[PDB]
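Enquirer: Each chain is listed here by its residues.
There are 2 protein chains.
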Amino acid sequence: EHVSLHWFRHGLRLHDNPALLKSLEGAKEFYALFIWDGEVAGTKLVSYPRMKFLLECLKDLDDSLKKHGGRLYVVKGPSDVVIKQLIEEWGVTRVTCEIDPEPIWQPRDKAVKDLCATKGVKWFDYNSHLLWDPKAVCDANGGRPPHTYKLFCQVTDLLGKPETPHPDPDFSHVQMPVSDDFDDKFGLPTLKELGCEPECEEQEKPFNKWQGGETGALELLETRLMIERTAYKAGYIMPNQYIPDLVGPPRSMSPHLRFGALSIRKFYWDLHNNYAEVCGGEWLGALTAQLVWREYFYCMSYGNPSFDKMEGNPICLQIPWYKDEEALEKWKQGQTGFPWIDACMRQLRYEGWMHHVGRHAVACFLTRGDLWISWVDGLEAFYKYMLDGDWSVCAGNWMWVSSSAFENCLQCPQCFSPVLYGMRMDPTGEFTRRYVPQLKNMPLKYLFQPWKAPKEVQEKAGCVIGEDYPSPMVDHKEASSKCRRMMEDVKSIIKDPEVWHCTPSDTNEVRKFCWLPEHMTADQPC
Amino acid sequence: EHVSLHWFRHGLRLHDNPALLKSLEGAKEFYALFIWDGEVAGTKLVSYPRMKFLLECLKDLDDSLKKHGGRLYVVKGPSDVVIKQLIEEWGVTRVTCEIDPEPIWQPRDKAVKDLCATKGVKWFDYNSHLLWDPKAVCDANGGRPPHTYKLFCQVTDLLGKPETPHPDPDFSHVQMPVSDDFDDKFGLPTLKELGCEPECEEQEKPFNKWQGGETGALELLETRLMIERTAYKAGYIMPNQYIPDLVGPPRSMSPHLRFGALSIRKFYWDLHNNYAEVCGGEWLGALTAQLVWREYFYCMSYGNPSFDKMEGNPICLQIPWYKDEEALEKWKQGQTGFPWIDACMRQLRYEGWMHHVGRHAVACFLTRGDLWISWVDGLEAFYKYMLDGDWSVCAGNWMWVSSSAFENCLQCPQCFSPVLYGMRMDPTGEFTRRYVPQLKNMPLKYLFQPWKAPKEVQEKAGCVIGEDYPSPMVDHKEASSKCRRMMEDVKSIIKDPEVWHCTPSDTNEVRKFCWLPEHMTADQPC
Ligand SMILES: Cc1cc2nc3c(=O)[nH]c(=O)nc-3n(C[C@H](O)[C@H](O)[C@H](O)COP(=O)(O)OP(=O)(O)OC[C@H]3O[C@@H](n4cnc5c(N)ncnc54)[C@H](O)[C@@H]3O)c2cc1C
Ligand SMILES: Cc1cc2nc3c(=O)[nH]c(=O)nc-3n(C[C@H](O)[C@H](O)[C@H](O)COP(=O)(O)OP(=O)(O)OC[C@H]3O[C@@H](n4cnc5c(N)ncnc54)[C@H](O)[C@@H]3O)c2cc1C
Ligand SMILES: [Mg+2]
Ligand SMILES: [Mg+2]
Numbered sequence: 022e023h024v025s026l027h028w029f030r031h032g033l034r035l036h037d038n039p040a041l042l043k044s045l046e047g048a049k050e051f052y053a054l055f056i057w058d059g060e061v062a063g064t065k066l067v068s069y070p071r072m073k074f075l076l077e078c079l080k081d082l083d084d085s086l087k088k089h090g091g092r093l094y095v096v097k098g099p100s101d102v103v104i105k106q107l108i109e110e111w112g113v114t115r116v117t118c119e120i121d122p123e124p125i126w127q128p129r130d131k132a133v134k135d136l137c138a139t140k141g142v143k144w145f146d147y148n149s150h151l152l153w154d155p156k157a158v159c160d161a162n163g164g165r166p167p168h169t170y171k172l173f174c175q176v177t178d179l180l181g182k183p184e185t186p187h188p189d190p191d192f193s194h195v196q197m198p199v200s201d202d203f204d205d206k207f208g209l210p211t212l213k214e215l216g217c218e219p220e221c222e223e224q225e226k227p228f229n230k231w232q233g234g235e236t237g238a239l240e241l242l243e244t245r246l247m248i249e250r251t252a253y254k255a256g257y258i259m260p261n262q263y264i265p266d267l268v269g270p271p272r273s274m275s276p277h278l279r280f281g282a283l284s285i286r287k288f289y290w291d292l293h294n295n296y297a298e299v300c301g302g303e304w305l306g307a308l309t310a311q312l313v314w315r316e317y318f319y320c321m322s323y324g325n326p327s328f329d330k331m332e333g334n335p336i337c338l339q340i341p342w343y344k345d346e347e348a349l350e351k352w353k354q355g356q357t358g359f360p361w362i363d364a365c366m367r368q369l370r371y372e373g374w375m376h377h378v379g380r381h382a383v384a385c386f387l388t389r390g391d392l393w394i395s396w397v398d399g400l401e402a403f404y405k406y407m408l409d410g411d412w413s414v415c416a417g418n419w420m421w422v423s424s425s426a427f428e429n430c431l432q433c434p435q436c437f438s439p440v441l442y443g444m445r446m447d448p449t450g451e452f453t454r455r456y457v458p459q460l461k462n463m464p465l466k467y468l469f470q471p472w473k474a475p476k477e478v479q480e481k482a483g484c485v486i487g488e489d490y491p492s493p494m495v496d497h498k499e500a501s502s503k504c505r506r507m508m509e510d511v512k513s514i515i516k517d518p519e520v521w522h523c524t525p526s527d528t529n530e531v532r533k534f535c536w537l538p539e540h541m542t543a544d545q546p547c
Numbered sequence: 022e023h024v025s026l027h028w029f030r031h032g033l034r035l036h037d038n039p040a041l042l043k044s045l046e047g048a049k050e051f052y053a054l055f056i057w058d059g060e061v062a063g064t065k066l067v068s069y070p071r072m073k074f075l076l077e078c079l080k081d082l083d084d085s086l087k088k089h090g091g092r093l094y095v096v097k098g099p100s101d102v103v104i105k106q107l108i109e110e111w112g113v114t115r116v117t118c119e120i121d122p123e124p125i126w127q128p129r130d131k132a133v134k135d136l137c138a139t140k141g142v143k144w145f146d147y148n149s150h151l152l153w154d155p156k157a158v159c160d161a162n163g164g165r166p167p168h169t170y171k172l173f174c175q176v177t178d179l180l181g182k183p184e185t186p187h188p189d190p191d192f193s194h195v196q197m198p199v200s201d202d203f204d205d206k207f208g209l210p211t212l213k214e215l216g217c218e219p220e221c222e223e224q225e226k227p228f229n230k231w232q233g234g235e236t237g238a239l240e241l242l243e244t245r246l247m248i249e250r251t252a253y254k255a256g257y258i259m260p261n262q263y264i265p266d267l268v269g270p271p272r273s274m275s276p277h278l279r280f281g282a283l284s285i286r287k288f289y290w291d292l293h294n295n296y297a298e299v300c301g302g303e304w305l306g307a308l309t310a311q312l313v314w315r316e317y318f319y320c321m322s323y324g325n326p327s328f329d330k331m332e333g334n335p336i337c338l339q340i341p342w343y344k345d346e347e348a349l350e351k352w353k354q355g356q357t358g359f360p361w362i363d364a365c366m367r368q369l370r371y372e373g374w375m376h377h378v379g380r381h382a383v384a385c386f387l388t389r390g391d392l393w394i395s396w397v398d399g400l401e402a403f404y405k406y407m408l409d410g411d412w413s414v415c416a417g418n419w420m421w422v423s424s425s426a427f428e429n430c431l432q433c434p435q436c437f438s439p440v441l442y443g444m445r446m447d448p449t450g451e452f453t454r455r456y457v458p459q460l461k462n463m464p465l466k467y468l469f470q471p472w473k474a475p476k477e478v479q480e481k482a483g484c485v486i487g488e489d490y491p492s493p494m495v496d497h498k499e500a501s502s503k504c505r506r507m508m509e510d511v512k513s514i515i516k517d518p519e520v521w522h523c524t525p526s527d528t529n530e531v532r533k534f535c536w537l538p539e540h541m542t543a544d545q546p547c
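Chain order of the listed sequences is A and B.
Residue numbering for the first sequence follows my numbering, beginning at 22 and increasing consecutively.
Residue numbering for the second sequence follows my numbering, beginning at 22 and increasing consecutively.
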């Protein structure tokens, strides 16, 4: 005895969706809706790659719904008017949705609820995007979010464990009306009208291909689980990670987690059950350690709309930065003069995805390594091009890498160098040569230092530095010393080391974060 | 109206076994048998690792049979008497088996058939170990086996395609009698009585762990197929292989193929069906190119008992080798003085498995690179320690790498060097340091050349060359020139380049065989 409506904003899936399950029980009619308003799902500041991903996900969702005998409605316009129009037209009595924990989505929702309060329309919301409730974690640690990963783990180890996934829905006993001339009015838009077209030939035909949806997410999860099972049988339980693979398929699910095409609880429990089936029945929490950084960065933004800025944000230190547009433009385009940085930036601009080590390298190069430019300026590029540009996680990582004044392990000019780090992470040079073809014939000895090669080598390789490939934009030795002095001044000004701010816990945490050995080794420069 | 007996020698499996399926139709009783005679399945010249693998496979087979209500009989003694005893005791009327294509297993079988001819006992055999019949291939190319891989492919492309796998058996309508006190008389032996015990502490606790059986083979096949599916979706169809992974799990099925725990036809067809499901319905023969080298080397031994020797073998060239026992013992133990060679040899002696590049490197070092010692001497070690020491494939690979006088690409001292090749295949040095702990603290600069380091570096690293780690056993520059001169003399003596002998087809085949680029590159020494 209800006419229910489920609103799709995130969580574009049908598995493990309690809010959807609640809209089918005691329901005479059912409608599925998505509203295109220009701000939902990071559409305001976006580019071609992630638009393709979003459209593919929506098409997959509609195709999945067509099996049970239903369609997905897409409407263009403000939510506060679209909802009212649909209520007055269809005759809706109940609206169900999933919660958006970020503070920038709150005033949107508060407007709808009030409306439903003045028309006798029930409202239902359920949190299925995170493992723990941010408010409970904040209350357990006084009234402020934890500022350390170890403290966050300690706090969450007392609240309990996540809940198991829910079953799948059933549409057999519910009517799902569909209007005539549906594809002409409630159909899905196209990139041709929205104004997003490829900016270069590399976007049209990238080296690595991505597909959005839910079936691909489930297949990737199955492949991940069986790879781990085979590794466990071989004898590899949580081994040290030192050699990243940059020339093969990524096999990543972060873009799917961002949009909600895969459940976090399902992944969490599948990992542990897979481990227990093979080995004994002892609990090992190190398996799901990566999934806890995501929650640690999500819960930190609770109650702070200025979490993406340096001014007015109480959990960030104030640091005097510089502003030069030429350097920033060179960094964004990929004309810095260091092949390791340029390759990663061009990969981001073409495909929209990058490995962790590259992101750390480019962030350190921009902020506290050589140039001394604010992280707010570089965060915009990641918001614009990344496939998984979460509003809170990216800003949290930027503030973690930079602005940590009292951590001296991140200020070393030898370990975090745009030459030695690239040599370590790409001994062969195939990744560098793939995205910088100008240095295809350059010997591996001078591949990362093209300006130290003689003229005969340049002529033979067909790359004269200064005409075919730009000269370096800065001297690392000189820039590093002045940046170190400037940060030492910041430390002197901020006397107390125990201030409340986002920072790493210890040095080993940094070394593991950056894929480097903990103890001293014979291959450690300074 | 029969009492059938299936004899297990190879093909220790229940899936895709036509001979087994034939012993169940029209049968009143059924017996499964394995005879331990001291020569079956490479038991005469064997060590602890492969014995463990064989025993695990037999235990898995017995456990699988116990589900349907049957056991596996194991008897110790000569086959020609055991078969007769069992025929006179049980009352057998039909014997079924699988064919062993190698010529060393023929006189064993010819004795049994004759017996069955004088007692009214039917005999049935079926070839399920190979994809093509060696006799048909030999007849299609005159009366001799093809001596080139391209010629073998050309010949086999006209015979047709392999047959699809057969169904699984059923034991419901067949009686499977079991005797009392079974575990006391027909039980499985143990390594404790056979005389195989670990020779060192590294055998007891190896770094990589192996398990024999059929379930593991099927799981490995599933993992392989889904990895390939994901790679195809990403956009990687038959890419160039240049970076081997030596610090992770092997994920190999060659030992299972050797003993017959996995079918070759099933793998062949699963690969192609997996490819067709994702991509279009066009045939691509490059997918199963590795499975054809195995058949090429198997069919070459047809009609030649001396295929494992240099004297009396018509498909091998006669070359004057040297004989020094000290050098051979150093090569076998792993005291050569070159860490790249020692690590691979110690890995073989501990675990029993090695990557292709290491096998090629050590074979070239022994035979035609530096020492000039016969391949027959080194083949014995591989027969003794390898988990997949096939009688014909290993000898064929040895004769392919060595004795190819007219192929000058394999005679280059720069590309196939025990220093540069190791640097190329192990840029980090983790694999080398895992099996040569004496050089754990040695800098990566001198890791592959410990004798060129100063004394202070040796003292700091705690490795004085000559006392803690042996000095090099030979000078590569001098050895290479004399070996080249000696092989040039062989070429001068053997005038005709078109002699009938096992040899590579072209230079690109060698370069791909050894995981090296085809065209010239800036990182090519000579
Ligand atoms: C400057 C910078 C910005 C980043 N921005 C993002 C972002 O917007 N979104 C994002 O998901 N990751 C972000 N990361 C973390 C990291 O770059 C990605 O999580 C990485 O690409 C995951 O790849 P993977 O799935 O193969 O790793 P895996 O370890 O195989 O994936 C496990 C999962 O754990 C989570 N995870 C792992 N590391 C982190 C981390 N440091 N912070 C948060 N979650 C993590 C992700 O959901 C990931 O899918 C950023 C890192 C840096 C240095
Ligand atoms: C001196 C020497 C001796 C060798 N002895 C053997 C041996 O006794 N048994 C053996 O199976 N391989 C042998 N090989 C080939 C090679 O070393 C192994 O096939 C390799 O370990 C296969 O690993 P993989 O399964 O990961 O390779 P994959 O390519 O992933 O395996 C595909 C399959 O193709 C077959 N195959 C691949 N290459 C060859 C080859 N060159 N010759 C024959 N079959 C091949 C194997 O059955 C293998 O399982 C030898 C090579 C050399 C240089
Ligand atoms: Mg992932
Ligand atoms: Mg294999």
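Since the hints were derived computationally from the structure, they do not count as laboratory data.
Where hints are given, some of them may not hold.
All copies of an identical chain are treated as equivalent in the list; a pair is satisfied when it fits inside any one copy or across any two copies.
[As the list claims (entries may be wrong)] Capping the alpha-carbon separation at 30 Å, the derived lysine-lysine pairs in DSBU-like fashion look like this:
(1) 230 <-> 473
(2) 481 <-> 533
(3) 466 <-> 481
(4) 466 <-> 143
(5) 466 <-> 533
(6) 512 <-> 533
(7) 533 <-> 461
(8) 213 <-> 254
(9) 254 <-> 461
(10) 73 <-> 206
(11) 49 <-> 226
(12) 498 <-> 466
(13) 512 <-> 131
(14) 230 <-> 182
(15) 65 <-> 230
(16) 254 <-> 88
(17) 182 <-> 43
(18) 80 <-> 254
(19) 503 <-> 156
(20) 140 <-> 49
(21) 466 <-> 476
(22) 287 <-> 254
(23) 254 <-> 73
(24) 88 <-> 182
(25) 226 <-> 131
Enquirer: Now tell me if each hint is right for this structure.
Expert: Results for each hint:
no. : hint        : verdict
1   : 230 <-> 473 : neither (36 Å within a copy, 47 Å between copies)
2   : 481 <-> 533 : between (41 Å within a copy, 27 Å between copies)
3   : 466 <-> 481 : both (14 Å within a copy, 28 Å between copies)
4   : 466 <-> 143 : neither (69 Å within a copy, 71 Å between copies)
5   : 466 <-> 533 : both (28 Å within a copy, 25 Å between copies)
6   : 512 <-> 533 : within (25 Å within a copy, 57 Å between copies)
7   : 533 <-> 461 : between (33 Å within a copy, 21 Å between copies)
8   : 213 <-> 254 : between (50 Å within a copy, 26 Å between copies)
9   : 254 <-> 461 : between (41 Å within a copy, 27 Å between copies)
10  : 73 <-> 206  : within (21 Å within a copy, 69 Å between copies)
11  : 49 <-> 226  : neither (47 Å within a copy, 65 Å between copies)
12  : 498 <-> 466 : both (20 Å within a copy, 24 Å between copies)
13  : 512 <-> 131 : neither (42 Å within a copy, 89 Å between copies)
14  : 230 <-> 182 : neither (36 Å within a copy, 34 Å between copies)
15  : 65 <-> 230  : within (24 Å within a copy, 53 Å between copies)
16  : 254 <-> 88  : between (39 Å within a copy, 24 Å between copies)
17  : 182 <-> 43  : within (23 Å within a copy, 56 Å between copies)
18  : 80 <-> 254  : between (39 Å within a copy, 18 Å between copies)
19  : 503 <-> 156 : neither (42 Å within a copy, 79 Å between copies)
20  : 140 <-> 49  : within (19 Å within a copy, 80 Å between copies)
21  : 466 <-> 476 : both (15 Å within a copy, 27 Å between copies)
22  : 287 <-> 254 : both (23 Å within a copy, 24 Å between copies)
23  : 254 <-> 73  : between (39 Å within a copy, 16 Å between copies)
24  : 88 <-> 182  : neither (35 Å within a copy, 39 Å between copies)
25  : 226 <-> 131 : neither (43 Å within a copy, 63 Å between copies)
The structure fails hints 1, 4, 11, 13, 14, 19, 24, 25 (numbered hints given earlier, in ascending order).
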